[PDB]
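What follows is one chain in structure tokens, specifically the form deposited without this ligand.
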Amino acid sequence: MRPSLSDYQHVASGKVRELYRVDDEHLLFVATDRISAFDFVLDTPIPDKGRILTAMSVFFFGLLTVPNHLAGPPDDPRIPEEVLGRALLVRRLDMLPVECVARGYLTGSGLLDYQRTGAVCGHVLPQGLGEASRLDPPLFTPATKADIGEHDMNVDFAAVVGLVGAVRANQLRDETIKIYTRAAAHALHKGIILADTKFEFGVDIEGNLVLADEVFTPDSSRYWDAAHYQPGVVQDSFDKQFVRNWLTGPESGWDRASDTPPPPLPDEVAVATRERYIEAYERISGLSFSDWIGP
């Protein structure tokens, strides 16, 4: 009753997720409890973070109408007991080499590019925008993965055409904006702003576009509390602000500008952070995390 994880072949690790081969046409997509802050994977895990983000991704896959890479239910017998609730059975796709990012608000590298050049990913914007400015319409701001440990590189629409084809590039742009708009409106209705989001897509055997990776997690998207949205200043991270504040506060003993690895988190900060994840999940999904499956 359920295989061991050791029965599958590890094929890729990210900082936070792992991928295993199940057979020629299926993979096991595993979320860990690791958390990243200031581009460091922290020493301290967040309990149940992997299960909560898996629950979130499954919810949004269900909410969206577009084809996705899920290949079975969250309790599929192919999933080992050890990763139950934080692993998904998915179909193998030919992945497209584009980070498909939508921005509803101007922050991070999008804001920085604008402040440097007046444009973001080929979009020449109005003068006078700033931190957390609302963008209307939302922008397609594609990026490509760089070297290990390097940030993704922002690129323009012509670069996407060169990567995947002219018609496919149009399709990626249209789908990215459409599904971001739907999910952002849903979340905002529940009091959470999805400020931006990153998608990865693949193509199936028939040439069909399929949404893959994870969707609208607080790792793939900037979550903000709508009740405190204030254009012109930096918005708190809904999920990670307790972690960021402790690390840069007087108790950590850590100098962020040293680029030395940060120290472990207090247990109470890790537990509070877990609670923020559960809060975001339950408010967005209308479901109870106590009903989500586990070992």
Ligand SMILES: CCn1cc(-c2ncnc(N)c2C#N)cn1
Contents of the next structure:
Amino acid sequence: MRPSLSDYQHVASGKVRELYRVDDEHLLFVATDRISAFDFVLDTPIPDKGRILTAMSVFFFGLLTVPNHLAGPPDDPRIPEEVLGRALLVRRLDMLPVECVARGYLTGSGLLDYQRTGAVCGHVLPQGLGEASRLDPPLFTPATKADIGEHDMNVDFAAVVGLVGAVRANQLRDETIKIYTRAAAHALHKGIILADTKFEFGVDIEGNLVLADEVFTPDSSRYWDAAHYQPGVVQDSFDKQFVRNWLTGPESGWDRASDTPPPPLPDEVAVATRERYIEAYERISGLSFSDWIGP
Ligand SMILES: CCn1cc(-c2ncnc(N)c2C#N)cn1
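Right, the form deposited without this ligand is done; let's see the coordinates for the form deposited with this ligand bound.
Once more the chain from above appears, this time first in line as the rest of the complex follows.
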């Protein structure tokens, strides 16, 4: 018999993910069906989003050869029925206070930093780059969490050294670029560009570096349709563009310029978005989401 979620201690709330203590050495990492757009957690959940993103993370953990925090199978008996398929039993780590970001393409705050300074996170780049320009080699563009509402702050390699040590910073940089490169090539082979990605790592009892959190989800990574990749313009979000377009379209009644919370989504937009998540998962993994476990 699976335990109730109420049997575990809630330790951390993200906007979209939850974390619970299972015992002294294990956590329960829970994805919800909540979706964020324009830095708002929207009223309307995307059905099965938590399950699909959990399935995606599990796929990529298996694709990569590096140590990760998974501590049991997706149907581990310690996982409550209520969160089955969207929760993982993981090893408790000492988390390193660095957002480990790799960028294979120049967009978002990376592009903005470049347009302001000619550099991103200490990397002085060629002149003449622009929106969605390919970056070769991919860049390690680390960041640190800021206050509750604020975006992460981009920092350079020296900042990472000061946070975790010189040898460890080297290790973070190398592993971040290595696993990003591997996953990005895999996805592109299936017609999806992983434009960038954000990792969190922790350290286990033996001092080993361990990949944690979620990996290569469309929340942790910019997913693009490769078939429509066009450097020089903003690429559509593979998963979130229907949501973005509706929210900023004539039917929402919402003004994004106002920092007022957005209205709920049409059911059909939520269902369409769910479909996009399933398509991305199935294309990348070569698996069927209908086989993924659930309540
Ligand atoms: C919800 C984001 N978050 C994850 C942790 C964490 N902490 C300790 N050990 C771990 N494996 C993890 C993970 N994943 C702390 N915040």
